[PDB]
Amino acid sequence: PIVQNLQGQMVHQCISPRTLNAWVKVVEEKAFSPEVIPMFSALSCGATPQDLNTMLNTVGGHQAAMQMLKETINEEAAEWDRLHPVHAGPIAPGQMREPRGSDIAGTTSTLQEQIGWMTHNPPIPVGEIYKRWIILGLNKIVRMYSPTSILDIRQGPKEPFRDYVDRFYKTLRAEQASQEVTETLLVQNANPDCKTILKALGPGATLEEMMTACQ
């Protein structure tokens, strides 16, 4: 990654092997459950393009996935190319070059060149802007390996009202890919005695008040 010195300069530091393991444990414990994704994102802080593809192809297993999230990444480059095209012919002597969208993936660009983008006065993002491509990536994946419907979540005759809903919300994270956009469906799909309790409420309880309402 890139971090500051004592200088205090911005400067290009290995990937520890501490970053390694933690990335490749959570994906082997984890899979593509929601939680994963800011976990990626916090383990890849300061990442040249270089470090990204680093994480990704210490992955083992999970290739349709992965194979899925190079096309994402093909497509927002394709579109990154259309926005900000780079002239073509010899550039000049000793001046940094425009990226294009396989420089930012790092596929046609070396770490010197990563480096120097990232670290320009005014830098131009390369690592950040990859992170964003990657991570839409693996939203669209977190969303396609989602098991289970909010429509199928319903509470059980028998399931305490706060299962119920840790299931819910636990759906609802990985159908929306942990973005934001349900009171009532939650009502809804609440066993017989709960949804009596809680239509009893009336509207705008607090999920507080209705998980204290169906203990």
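Residue numbers count along the first chain shown, from 1. Heads up, when I say rigid core I mean the largest set of C-alphas that superpose within 1.5 Å between the two forms. What changes on going to the form deposited in another entry:
- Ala92: CA moves 2 Å or more between the two forms after rigid-core fitting.
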The other form holds:
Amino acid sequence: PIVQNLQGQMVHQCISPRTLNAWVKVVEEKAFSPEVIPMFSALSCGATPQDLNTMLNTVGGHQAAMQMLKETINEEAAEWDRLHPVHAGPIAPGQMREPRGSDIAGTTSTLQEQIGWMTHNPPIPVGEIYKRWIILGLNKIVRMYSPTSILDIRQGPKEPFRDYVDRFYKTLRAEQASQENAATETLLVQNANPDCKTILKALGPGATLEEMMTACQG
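Here we have the form deposited in one PDB entry; I need the corresponding form deposited in another entry.
No partners, no molecules, just the chain.
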């Protein structure tokens, strides 16, 4: 990554054994559960495009996903080139060449160049731009790998309301690759078991999730 030292300079620092292992374990243990994305973004704080490629490439399984991710990255890189053509000609002294899409993805750029861009004044945050593409791709994969439609989540006859709401929102989160309406509100009440369904209908519209859960406790 690129971190701030004691003298206040932005310097390069080797990616750590802790970080490498943490990311590899997360993938092994949680596959593409939604929460894996916030974890990737945090573990890659300050990352260079090289560091980002290191983290992706250390993943052993899930090659189908890794391959989809490559395609998404290539799309974004092409889009970037469309919007940011590169000028022919020589670079002025004290200046950096302009980054192509493949430069931002660390494919055609060196570490020195990546560092050059990230610590230039003004900076070109190639690490943060690349990270945004990767996260786009990761979101697609999370939605795809979502194991259950929200329509199939229905409260067991003897299942506590909390356990059912847990299943509901865990499922909802995977389907949109997001934690962010009236439709789901109606669907949640609709799929509750008989006893709860009536009590909930009784609270009327505009009830907070807190009120609903208090209402159906045991």
